[PDB]
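Now for the letters of each chain:
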Amino acid sequence: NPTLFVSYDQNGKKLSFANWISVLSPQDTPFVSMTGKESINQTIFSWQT
Amino acid sequence: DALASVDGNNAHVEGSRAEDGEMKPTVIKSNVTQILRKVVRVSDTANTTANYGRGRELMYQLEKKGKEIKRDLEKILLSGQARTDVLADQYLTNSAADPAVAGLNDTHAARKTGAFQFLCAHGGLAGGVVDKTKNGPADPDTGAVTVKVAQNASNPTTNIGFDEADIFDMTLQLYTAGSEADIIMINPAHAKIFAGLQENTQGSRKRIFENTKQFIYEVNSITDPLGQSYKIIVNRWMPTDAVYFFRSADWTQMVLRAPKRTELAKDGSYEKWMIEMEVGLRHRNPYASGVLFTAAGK
Amino acid sequence: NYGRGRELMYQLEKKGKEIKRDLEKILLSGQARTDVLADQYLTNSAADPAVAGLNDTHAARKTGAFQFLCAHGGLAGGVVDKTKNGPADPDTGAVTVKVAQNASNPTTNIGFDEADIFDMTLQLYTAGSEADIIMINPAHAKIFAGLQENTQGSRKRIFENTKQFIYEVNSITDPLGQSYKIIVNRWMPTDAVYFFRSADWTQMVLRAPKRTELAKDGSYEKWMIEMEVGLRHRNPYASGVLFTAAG
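Protein chains in written order, with my numbering: chain L, 4 to 52; chain E, 27 to 324; chain V, 40 to 286.
Hints in this document: simulated from the structure, not taken from any laboratory.
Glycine included, every Cβ here is placed at the ideal spot set by N, Cα and C.
Please note: incorrect hints may appear among the correct ones.
What follows is a list of derived Cβ distance ranges for each label pair [unchecked claim]:
1) 99/V with 225/E: 54 to 62 Å
2) 286/V with 120/E: 54 to 62 Å
3) 92/E with 194/V: 53 to 61 Å
4) 288/E with 250/V: 54 to 62 Å
5) 194/V with 169/E: 54 to 62 Å
6) 267/V with 150/E: 44 to 52 Å
7) 286/V with 228/E: 26 to 34 Å
8) 255/V with 7/L: 51 to 59 Å
9) 286/V with 225/E: 29 to 37 Å
10) 150/E with 51/V: 33 to 41 Å
11) 22/L with 80/V: 27 to 35 Å
12) 86/V with 30/L: 54 to 62 Å
Not everything, but these chain V residues come out facing chain L in the computed CB check (under 7 Å) [unchecked claim]:
13) 42
14) 56
15) 58
16) 60
17) 225
18) 236
19) 240
20) 241
21) 242
22) 243
23) 245
24) 274
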């Protein structure tokens with residue numbers, strides 16, 4: 004029941020909900036982008052040198 | 027919000043059950059607005075005359091004030107005030123109200139917005155302004171520090187500037203966090219630094235001239251070792267104690283009450299007017315822009 | 040309620056990206072090959088007699104990272120050692136795993152070498168390696184820009200009445216004619232430098248990442264993501280690793 008209307012005496016204060024969320028975590032992954040993928044069928048693979 | 031830094035070396039067995047992960051919530055930011063005002067008062071007599079190089083004393087004085095308010099705005103948004111306000115921990119106000127300061131009146135203090143420095147990764151405060159003698163914290167996920175106190179160890183104590191190498195250190199911090207800053211706003215008094223990249227103790231991209239009739243001595247574009255191309259901009263209303271690394275899209279001006287016409291009472295040969303507008307400032311992420319303070323050398 | 044719609048799909052996307060972030064970090068971390076099997080390929084007798092019976096009490100597995108698959112020359116526990124130089128190639132006289140001597144840049148700062156880097160390109164040239172890339176953490180990219188013109192003296196990098204500033208080096212030419220290409224990696228460790236070639240490394244995929252809803256048994260609404268992959272390296276001496284050590 005404020006006599007002098009101000010912002011600090013209002014029982015309302017309907018908050019302003021922004022329509023976005025900020026994120027900066029990058030996912031460049033330069034190595035994984037240049038390696039190449041080869042499908043296998045065993046948990047262990049071997050090669051000779 | 028930001029992803030988790032639990033990357034580590036997660037290794038799981040083949041025949042186990044899904045164990046509960048590590049979930050972290052978001053983080054809410056909040057900034058208050060500030061009230062700008064410019065008053066006008068001119069006696070009816072002076073407003074009735076016809077000046078020798080203009081019209082009425084009212085509109086002319088109003089236009090002069092309508093421009094000063096914009097200058098005051100540009101200087102405040104770029105200031106380092108600490109968002110002076112009386113409220114505290116009352117933004118998620120859903121379970122109850124705040125009657126602590128409800129039995130008050132215009133005696134309330136003056137509200138202030140969170141300027142460029144306060145919205146960034148500030149390390150501390152100085153009562154009402156951000157403290158430049160403290161190095162800001164680091165992001166939880168990344169390890170970037172967008173608030174770095176220049177060392178200036180390269181340059182002597184005679185000239186102050188901020189540094190020549192500390193400019194490249196911020197680009198590293200921004201890239202480390204993932205920011206897309208591409209602008210470097212600077213005070214005109216410090217432009218001699220970005221142009222005067224010399225005085226590096228005989229090294230580091232010093233200088234040369236091919237005896238030409240053109241002398242420029244200016245640096246507008248910059249590229250860092252990582253590839254981030256930056257463009258230097260000068261702002262007359264910027265302070266001379268810090269440099270800003272930011273992006274236009276990562277900032278917005280929150281306007282609540284726009285400037286409008288306000289005719290007030292007279293009380294006798296006063297013809298009083300007033301200008302007023304409430305505006306705030308926003309920042310998508312404190313770690314999306316850099317602030318390079320200035321300090322002496324060795 | 041208002042404002043806060045859902046947190047299920049949002050969290051799935053977050054996890055969908057985190058799993059990839061970990062992969063780029065694990066392959067370049069330097070962990071050690073972990074497994075419960077050993078020398079079970081030439082006995083021509085059976086897979087393993089002594090490991091059978093344990094259903095899920097087994098220990099986790101680890102993939103040979105960039106360092107393990109190279110001529111590391113010793114381990115410091117669960118991760119490759121960053122101090123002991125790799126073993127010299129028996130055929131050639133090459134050593135692809137070295138340690139920065141830190142001649143200049145006194146011990147006041149860690150100071151990754153910034154010099155004698157052409158030695159590694161020599162070790163590679165001596166080993167027939169076709170390395171053409173130098174993956175490095177951005178925390179040490181300035182050392183390559185200073186390689187342009189610092190030389191602790193008068194080399195006089197020039198302006199030529201220009202306003203554009205570059206001070207960036209991304210390509211180098213070895214004295215032996217080997218032209219390399221510098222690349223920045225945010226997930227690389229701040230104490231290593233990888234000289235290699237892309238074609239010499241393959242990604243062995245066994246279980247591609249896939250979402251699978253699990254049982255509820257209440258209001259849990261449990262979800263998970265899982266992927267099984269490995270790393271391959273044609274020849275250890277086909278790539279090099281240069282650590283950083285002050286003193």
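Going through the hints against the structure:
1. Distance hint for residue 99/V and residue 225/E: a CB-CB separation of about 56 Å, consistent with the stated range 54 to 62 Å.
2. Under the hint 54 to 62 Å, the C-beta atoms of residue 286/V and residue 120/E, about 59 Å apart, fit the expected range.
3. Against the hinted window of 53 to 61 Å, the Cβ-Cβ separation of residue 92/E and residue 194/V comes to about 56 Å, which satisfies the hint.
4. Roughly 59 Å separates the CB atoms of residue 288/E and residue 250/V, a value that falls within the hinted 54 to 62 Å.
5. A hinted range of 54 to 62 Å is violated for the C-beta pair residue 194/V and residue 169/E, which are about 33 Å apart.
6. The beta-carbon spacing between residue 267/V and residue 150/E, approximately 48 Å, falls within the hinted interval of 44 to 52 Å.
7. Residue 286/V and residue 228/E have their C-beta atoms about 27 Å apart, which keeps the hinted 26 to 34 Å range intact.
8. Between residue 255/V and residue 7/L the CB atoms are about 55 Å apart, so this pair conforms to the stated range of 51 to 59 Å.
9. A C-beta distance of roughly 31 Å is found between residue 286/V and residue 225/E, which places it inside the suggested range of 29 to 37 Å.
10. In this structure the supplied range 33 to 41 Å holds for residue 150/E paired with residue 51/V, their Cβ-Cβ distance being about 38 Å.
11. The beta-carbon spacing between residue 22/L and residue 80/V, approximately 58 Å, falls outside the hinted interval of 27 to 35 Å.
12. For the pair residue 86/V and residue 30/L, the beta carbons lie near 38 Å from each other, so the given range of 54 to 62 Å is not met.
13. Using the Cβ-Cβ criterion of 7 Å, the hint placing residue 42/V at the interface with chain L is satisfied: the shortest such distance is roughly 5 Å.
14. The closest approach between the C-beta of residue 56/V and any C-beta of chain L is roughly 5 Å, which is under the 7 Å cut-off, so the hint is satisfied.
15. Annotation: interface hint on residue 58/V violated; nearest CB of chain L at approximately 10 Å, more than 7 Å.
16. Residue-level restraint check for residue 60/V holds (minimum Cβ-Cβ distance to chain L is 6 Å; threshold 7 Å).
17. Against a cut-off of 7 Å between C-beta atoms, the interface hint on residue 225/V holds, since the closest Cβ of chain L lies about 6 Å away.
18. With its C-beta approaching chain L no nearer than about 10 Å, residue 236/V sits outside the 7 Å limit, and its interface hint is violated.
19. Given hint, residue 240/V at the interface with chain L, holds; its Cβ is 5 Å from that chain's nearest Cβ, closer than 7 Å.
20. The closest approach between the C-beta of residue 241/V and any C-beta of chain L is roughly 5 Å, which is under the 7 Å cut-off, so the hint is satisfied.
21. Residue-level restraint check for residue 242/V holds (minimum Cβ-Cβ distance to chain L is 5 Å; threshold 7 Å).
22. Against a cut-off of 7 Å between C-beta atoms, the interface hint on residue 243/V holds, since the closest Cβ of chain L lies about 5 Å away.
23. For residue 245/V, the shortest C-beta to C-beta distance to chain L is roughly 5 Å, which falls under 7 Å, so the interface hint holds.
24. Satisfaction of the interface hint for residue 274/V is found here, the shortest Cβ-Cβ separation to chain L being roughly 5 Å, below the 7 Å cut-off.
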